[PDB]
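Next up is one chain by itself, shown in structure tokens, the form deposited in one PDB entry.
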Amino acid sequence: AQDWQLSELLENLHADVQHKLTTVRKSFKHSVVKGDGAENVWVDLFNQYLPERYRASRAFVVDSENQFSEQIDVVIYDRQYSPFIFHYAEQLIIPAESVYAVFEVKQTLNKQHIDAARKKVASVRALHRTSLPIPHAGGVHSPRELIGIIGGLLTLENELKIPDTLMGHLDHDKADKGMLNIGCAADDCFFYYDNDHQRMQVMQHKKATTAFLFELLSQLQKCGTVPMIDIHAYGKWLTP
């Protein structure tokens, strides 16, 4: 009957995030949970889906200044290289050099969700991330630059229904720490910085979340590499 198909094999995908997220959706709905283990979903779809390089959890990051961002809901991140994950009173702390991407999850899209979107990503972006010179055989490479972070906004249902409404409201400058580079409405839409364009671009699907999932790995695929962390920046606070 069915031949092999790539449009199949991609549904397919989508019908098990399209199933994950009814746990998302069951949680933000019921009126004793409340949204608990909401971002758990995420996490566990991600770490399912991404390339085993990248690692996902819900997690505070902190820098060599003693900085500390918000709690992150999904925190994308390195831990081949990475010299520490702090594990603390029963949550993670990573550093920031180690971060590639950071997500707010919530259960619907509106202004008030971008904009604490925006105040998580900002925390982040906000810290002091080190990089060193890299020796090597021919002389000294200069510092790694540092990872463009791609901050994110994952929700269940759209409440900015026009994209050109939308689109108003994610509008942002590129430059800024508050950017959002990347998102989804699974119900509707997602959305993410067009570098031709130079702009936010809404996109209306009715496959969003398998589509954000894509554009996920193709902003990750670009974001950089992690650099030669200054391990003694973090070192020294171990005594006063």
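Positions refer to the first chain, counted from 1. For the two forms, the rigid core is made up of the largest set of C-alpha atoms that agree within 1.5 Å on superposition. First, how it differs from the form deposited in another entry.
Relative to the superposed rigid core, the position of the CA of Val17 differs between these two forms by 2 Å or more.
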Given for the second form:
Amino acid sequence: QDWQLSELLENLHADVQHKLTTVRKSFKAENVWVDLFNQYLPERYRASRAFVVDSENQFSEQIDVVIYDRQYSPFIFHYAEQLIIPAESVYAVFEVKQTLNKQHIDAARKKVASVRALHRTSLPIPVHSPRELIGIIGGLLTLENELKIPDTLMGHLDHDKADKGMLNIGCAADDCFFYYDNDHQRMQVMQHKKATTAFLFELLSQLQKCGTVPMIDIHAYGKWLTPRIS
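Could I have the structure of this protein in the form deposited in another entry, to go alongside the form deposited in one PDB entry above?
If you are looking for partners or other molecules, they are not here, because only the chain is given.
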């Protein structure tokens, strides 16, 4: 029963997972999630606490966990010891909060909203048309779920897809994960003892369906240095 695919999946990155459960039990956070994501995610992706910036000199607020393209990113900024990432590079943004409740849900929606409100550029490619903008994943990462009734959480998580604050995924470590399905066109909540690894696999699945990074308009950033003649 060791060489059971089920067992291999649970044992995958066991150590970082164990760090998260201890934190959950010490509450009964932020850095563990960043660590967790960077272990599970393929090389193309990196996770970090960070601000997001766009080529219109607009900045998000500090985002507890940003997942961005490290491999094909043309630049990432460092002010002091802070990371500032171009919006075009961002795949997902998460709020971290100890507890999953109506208020932190709303707090997550506002952080996600502030990133999606940024302006992202996308060029055409040799001549194809410019690529559709990636749909940025928004979520909430918590240690203890305070909405024990699946109805009392289902309700406060029903948000419209046009809404820029909508949460695509979220987790209460070792307790439950939720996510939005398109086939079903609804939110779905799953209460499971292994919800952290199941949440991660869901995340990998949504990342895989995001789409390829569009071509950044590098001149839309370079215009902050020199003029252009039409």
